[PDB]
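A.B. asks: The primary structure of each chain is shown beneath.
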Amino acid sequence: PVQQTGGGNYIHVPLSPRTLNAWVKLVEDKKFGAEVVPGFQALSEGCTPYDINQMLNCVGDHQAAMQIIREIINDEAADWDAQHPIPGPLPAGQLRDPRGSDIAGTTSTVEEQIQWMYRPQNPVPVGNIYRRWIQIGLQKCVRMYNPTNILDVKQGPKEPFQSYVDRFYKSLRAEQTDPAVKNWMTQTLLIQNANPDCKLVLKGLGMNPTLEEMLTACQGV
Amino acid sequence: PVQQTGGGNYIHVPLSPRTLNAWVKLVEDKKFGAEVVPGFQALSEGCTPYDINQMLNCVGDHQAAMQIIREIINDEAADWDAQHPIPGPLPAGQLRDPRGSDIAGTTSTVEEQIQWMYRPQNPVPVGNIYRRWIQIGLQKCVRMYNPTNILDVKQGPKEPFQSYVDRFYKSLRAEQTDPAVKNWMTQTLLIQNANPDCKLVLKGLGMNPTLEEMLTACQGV
Amino acid sequence: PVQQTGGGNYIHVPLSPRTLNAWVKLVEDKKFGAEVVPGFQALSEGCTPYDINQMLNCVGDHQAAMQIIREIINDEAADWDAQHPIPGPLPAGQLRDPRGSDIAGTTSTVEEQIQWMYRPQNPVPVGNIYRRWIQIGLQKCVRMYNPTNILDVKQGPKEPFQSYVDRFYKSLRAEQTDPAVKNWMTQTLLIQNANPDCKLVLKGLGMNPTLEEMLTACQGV
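Protein chains in written order, with the deposited numbering: chain D, 1 to 221; chain B, 1 to 221; chain C, 1 to 221.
With the rest of the complex left out, here is chain D:
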């Protein structure tokens, strides 16, 4: 994070321990759930890569997926050298041009990143690009760890349909499939993977039903 100073200049201001601690608890309590990506972004909002790295480095308990997150980040950096035509050399006394690794933080400091994040001639984000690389790694972890998949989400006679619907959408959310497939899944697979009593009730509800009407209708099973 950075604090502006009189004259239009900026200085580094450290990230809060509570924010770092809150990130670790979200990772452990939710076990790399799908909600570990968005909460992280808010906790890491207006931050540089240097501070973001600390949070990721603070945890050593789960390093199987933090290692996967690392692979994707350097992959984006490897791709970054071509995505951005190499700028070439500039005179001495001027800031260096940012590369893939500078975005990751394996090499650069918070001040160089602060100067890049607040450069009047060529302002460049180094932490929005990096957090995105981390988030792409975080999402792969969610899908790899997801316990039961959408096709296997099913309702038992005892299970109330509502409960089965929450599990189905949570899994559908963990996956990032095309919306069209989701529509076929949310209108067909949902009625299909139900207890047969309420499935017949959903046939009574009609064709092209809505979630409010499906939930209101099977209120009792």
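Among the hints, a few may not be true.
No copy is singled out in the list; a pair is fine if it fits within one copy or between any two copies.
Each computed SDA-like pair below joins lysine to any residue, with the alpha-carbon atoms no more than 20 Å apart [to be verified]: (1) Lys158 / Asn208; (2) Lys203 / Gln162; (3) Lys30 / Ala174; (4) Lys154 / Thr216; (5) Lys170 / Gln67; (6) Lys199 / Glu159; (7) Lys203 / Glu71; (8) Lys170 / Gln54; (9) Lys140 / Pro209.
By construction, these hints were calculated from the structure, which means they are not laboratory data.
We have chain D already, so just place chains B and C on it with the hints.
C.D. replies: For chains B and C alone, coordinates are given in the frame of chain D:
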């Protein structure tokens, strides 16, 4: 949210972690009680849409209801477009009168959301309008989740009358009936749906009894 | 069918008796299967609606699916009536411009159908339009009749993967699903709903195996 610096300038700020955390707990622990609507407003009071979405996108349980809220928001934006003239050809370089998904903030950036909130030409307060759309979705869920209903709420023979009242009013609230219906229900259905022993006493109090008088007299029956 | 003779003089002929019979048998035996849609066309190519109406009528055993086809023809004709309305008072020496019902062949005579089909001003092949309207009705029936759905198709333990994929694919076509959904099911639902022994053998293939490679690999499994 929004932070205004000297000179009339406006900037975006992160949303505090505890506010996100408190919103998450209220949604899950209260199982979408009727206080998850106001609990959302206070925590989101004076914030930008970009940070709201996050709060709603940091919760992984009761996800089916979150899908209902998403649909309601889309519909409000549809009506907004119908009631807001597409300005059409506009001076290029003029902040675009925000459209439907520019109030929700999905198709727009936080800065222009802040710029519309205080736009000198025609400020569009994106924040209050979007929170209201979400609130309507939250309110539908409270009703759908509500376990029982006012008509079926009935004092147990051995159950005390006051407990029946706590159950009755909580539902006269969860079911958001018009105030006139509320007066009629409170003046009558709290006596009709009661057990006979206390009902006679409530009739003995006199016509238009008041709740203080009804609770005091039926105390210990 | 129709038959030009001299001076471009088109005339009417009888529809072959073994063509009416073949349509009946294709329908009675394939039970309105998917191939009924094209088999109909090959047996009705160049036939006017009148003769097509005789073929469909000769089938008297199945009359619920034929009604579904009939309900659809009425609609298509009502969209050709609204969008192509009565021209008005046609000048002397003109024939009423073809309407949707004339395309159906219920009102217009075979001669009038031929006059429009070869009309120098309105050469509208009434036959191919009615044939197209019928296909849609036949296709709804195929989807409505198909015995086993894709989610309900699962390989038998004593059955091969190739036999199961054939039952699975036949169904995908009867369901007539969107192409994006088709790819997901074909690359996934064909493995999830497979004998566990061959499912693991479809994992050693790699990622996105092709059907050519999926079968050869599970050959004897």
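A.B. asks: Which numbered hints turn out to be false for this structure?
C.D. replies: Violated: hints 1 and 7.
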